[PDB]
Amino acid sequence: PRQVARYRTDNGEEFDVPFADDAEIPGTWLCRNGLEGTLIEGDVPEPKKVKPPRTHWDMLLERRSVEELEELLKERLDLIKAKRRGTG
Amino acid sequence: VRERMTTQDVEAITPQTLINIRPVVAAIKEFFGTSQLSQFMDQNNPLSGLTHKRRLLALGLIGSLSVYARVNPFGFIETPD
Amino acid sequence: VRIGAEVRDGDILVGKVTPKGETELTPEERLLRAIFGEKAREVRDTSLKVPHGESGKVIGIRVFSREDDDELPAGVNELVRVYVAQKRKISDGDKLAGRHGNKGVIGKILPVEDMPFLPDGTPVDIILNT
Amino acid sequence: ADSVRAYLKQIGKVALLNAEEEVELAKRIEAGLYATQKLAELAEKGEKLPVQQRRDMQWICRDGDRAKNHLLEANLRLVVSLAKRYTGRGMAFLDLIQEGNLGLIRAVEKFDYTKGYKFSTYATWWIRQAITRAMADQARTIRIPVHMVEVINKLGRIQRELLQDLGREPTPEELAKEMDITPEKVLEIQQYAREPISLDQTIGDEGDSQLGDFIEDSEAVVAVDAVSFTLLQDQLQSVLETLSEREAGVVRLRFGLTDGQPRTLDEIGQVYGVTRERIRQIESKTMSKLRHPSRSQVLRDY
DNA sequence: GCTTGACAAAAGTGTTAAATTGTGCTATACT
DNA sequence: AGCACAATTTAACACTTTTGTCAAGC
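So the sequence lines, in the order shown, correspond to chains C, A, W and E. Numbers in PDB author numbering are just positions in the first sequence, counted from 1, shifted up by 25. For the second sequence, the positions run 391 to 449, 486 to 506, 520 when PDB author numbering is used. Numbers in PDB author numbering are just positions in the third sequence, counted from 1, shifted up by 780. Numbers in PDB author numbering are just positions in the fourth sequence, counted from 1, shifted up by 162.
Hints in this document: simulated from the structure, not taken from any laboratory. A portion of the hints provided could be inaccurate.
In silico negatives: residues of chain A with every beta carbon more than 10 angstroms from chain E [claimed, not checked]:
| no. | residue |
| --- | --- |
| 1 | 402 |
| 2 | 403 |
| 3 | 427 |
| 4 | 428 |
| 5 | 433 |
| 6 | 434 |
| 7 | 442 |
| 8 | 444 |
| 9 | 445 |
| 10 | 448 |
Distance condition first, Cα-Cα at most 27 angstroms in a straight line; then the derived DSS-like pairs of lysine-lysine [stated by the list, open to error]:
| no. | chain 1 | residue 1 | chain 2 | residue 2 |
| --- | --- | --- | --- | --- |
| 11 | E | 189 | C | 99 |
| 12 | C | 106 | E | 230 |
| 13 | E | 200 | C | 108 |
| 14 | W | 875 | A | 443 |
| 15 | C | 74 | E | 207 |
| 16 | E | 189 | C | 106 |
| 17 | E | 316 | A | 419 |
| 18 | C | 99 | E | 230 |
| 19 | E | 207 | C | 99 |
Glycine included, each C-beta is placed from N, C-alpha and C at the ideal position.
Can you make the complete structure from the sequences, with help from the hints?
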């Protein structure tokens, strides 16, 4: 007594996962491939509030205020503009 | 100790903090066990235990000592003066 | 086991038990459980039995319990050692030997009667081949 | 042919940075990071910039990473210098070095050139922490969370400092008192700290038989039982032939001999179309019938 | 032979508090 | 090392639905 569900990985490979009939099938399944797969059924409800990992920009921003950065860029840009024709 | 006495500011160093005696005790406990020289005393009769003591070893390899043999201070066999 | 008791092969020396679960007992096992009314216990038997081919009397017991005193290593809560000893009659098959390197198995043990005996009627103990 | 003597041969190629250079490279990294973010933010804001200035900022980014990689490649010696001290603790040297290089990477991302401290001052923290944190996560075959590795090491020092104070190894109570935890807790901790042994290790001691082949598989089928179990099934089947048809069906379903699944009284009554109470009443009469000596004496031995 | 209701133990189920666990971080200088 | 904090697991408990039982009765 079992119902079969299919899951599609990102690469396109499909996997058959036999479940029991009286239970609720998941929408994503850790497959033999090692990659998450999405059911080809109607739901497929949710992505489960994935959170963004911390990036180098996050670390920089929380020490320099955006004004300090703008001035440093002006320093750098005025430095660049020195070689465009400017000084020789 | 060298790593301990080098890694710090100074004047906080005491002999105890500088020395964990773990390597000393470990080497001794690790010698009596898991060593070819240290062996369980063979004793099914007083003779066996007596000859287990006085047995000599080499890294022909195994032999026992002479009756009147008397080792010298360093460990040079002296035979009877 | 009580001191001075006689123990054969497979007898129980110390009775010990360890937790067990989930049991998930077979249906044919439980049906008898209900018929005879013996509740399936929640723990499995881990009891010390005398090894196969050993027998003797129990000399002494050494019990070490965590309850009172007794520095037993982390995890251990109690220890008991059983000492068994046996008189070993010289048996056919054992090994004898003299101080000159001669050794052999006891091939047979003949009744004192049918033994080569001196004119005294003094039977000889052992017979060595030439 | 050694692997590490090669890595050392390559990192030394780069020239260390003086105090002034660290600041210069650090500037280029922050400028490039913001310039890159500024461009990406405009598309969201639906804004545009001077075409010429836009190409300038685009080059700023390219220049920032060169400083980012140059800054890393210059300080690799620092990672190795700290990695030396942690060898033999259960992690290979190279692993400690790479993990240290990961800390070095974060030191660069979080370094602040405006504070005026030499780079090695702030990099040692991240490099050190990276190596240690790695060991707690990887060094043990059975991974132990960091907080537990932390307490185990503290229990070790408390035990070492207490060892030197009392001239004897302190018991759980002292160790517990000095550490402000229950002795039963320090016992649970000392079990966690155990490290496994090698099955491939040879314990023959004259015979060269490894430890592995000495373990008794306890789940393996007992030869006599699987047969006596098949004989019990047969004995039960025959014993049921004495009961009524409806009667045998109930006892089977209640214990699940036929379908391997026990059933509640309600479930059994639903298949027979009767109340759940009656099902209970049936079982009782048939347990006392099965308790009749004729059917039982055979089963007691089983 | 069977069903009803009262009823208590038992097993689920949802809601919260506690604990465990994982990640970030430490600024003299140190290659 | 050591701590802070967030994220997640585990416990705890109330409360609800089940499941087994009783006495009395159709």
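Verification of the hints:
1. Against chain E, the non-interface label of residue 402 (chain A) holds: every CB pair exceeds 10 angstroms, the least being about 15 angstroms.
2. Every C-beta of chain E lies more than 10 angstroms from that of residue 403 (chain A), the closest at about 15 angstroms, which supports listing it as non-interface.
3. Every Cβ of chain E is farther than 10 angstroms from the Cβ of residue 427 (chain A); the closest lies at roughly 16 angstroms, confirming the non-interface assignment.
4. Against chain E, the non-interface label of residue 428 (chain A) holds: every CB pair exceeds 10 angstroms, the least being about 14 angstroms.
5. The claim that residue 433 (chain A) is not at the interface with chain E holds, since no C-beta of that chain comes within 10 angstroms of its own (minimum 19 angstroms).
6. No beta-carbon of chain E is positioned within 10 angstroms of the beta-carbon of residue 434 (chain A); the least distance is around 18 angstroms.
7. Once the 10 angstroms rule is applied to beta carbons, residue 442 (chain A) is consistent with being away from chain E; the minimum gap is 17 angstroms.
8. Every Cβ of chain E is farther than 10 angstroms from the Cβ of residue 444 (chain A); the closest lies at roughly 23 angstroms, confirming the non-interface assignment.
9. Even its closest Cβ contact with chain E, about 18 angstroms, leaves residue 445 (chain A) beyond 10 angstroms, as expected for a residue assigned away from the interface.
10. Listed as a non-interface residue, residue 448 (chain A) keeps its Cβ farther than 10 angstroms from every Cβ of chain E; the least gap is roughly 19 angstroms.
11. About 12 angstroms separates the Cα atoms of residue 189 (chain E) and residue 99 (chain C), which keeps this hinted pair within 27 angstroms; it holds.
12. With a C-alpha separation of about 23 angstroms, the suggested pair residue 106 (chain C) and residue 230 (chain E) falls inside the 27 angstroms cut-off, and the hint holds.
13. With a C-alpha separation of about 23 angstroms, the suggested pair residue 200 (chain E) and residue 108 (chain C) falls inside the 27 angstroms cut-off, and the hint holds.
14. At most 27 angstroms may separate the alpha-carbon atoms for a hinted pair to count; residue 875 (chain W) and residue 443 (chain A) meet this at roughly 26 angstroms.
15. With a CA separation close to 26 angstroms, the supplied pair residue 74 (chain C) and residue 207 (chain E) stays within the 27 angstroms bound.
16. At roughly 17 angstroms between alpha-carbon atoms, residue 189 (chain E) and residue 106 (chain C) fall within 27 angstroms of each other, so this suggested pair holds.
17. Of the pairs offered as hints, the one joining residue 316 (chain E) and residue 419 (chain A) holds, with about 24 angstroms between alpha carbons and a cut-off of 27 angstroms not exceeded.
18. Distance restraint check for residue 99 (chain C) and residue 230 (chain E): the Cα-Cα separation of roughly 20 angstroms lies within the 27 angstroms cut-off, and the hinted pair is therefore satisfied.
19. A C-alpha spacing of about 21 angstroms is found between residue 207 (chain E) and residue 99 (chain C), which places the hinted pair at or below 27 angstroms, so the restraint holds.
Comparing the model with each numbered hint stated earlier shows that all of them hold.
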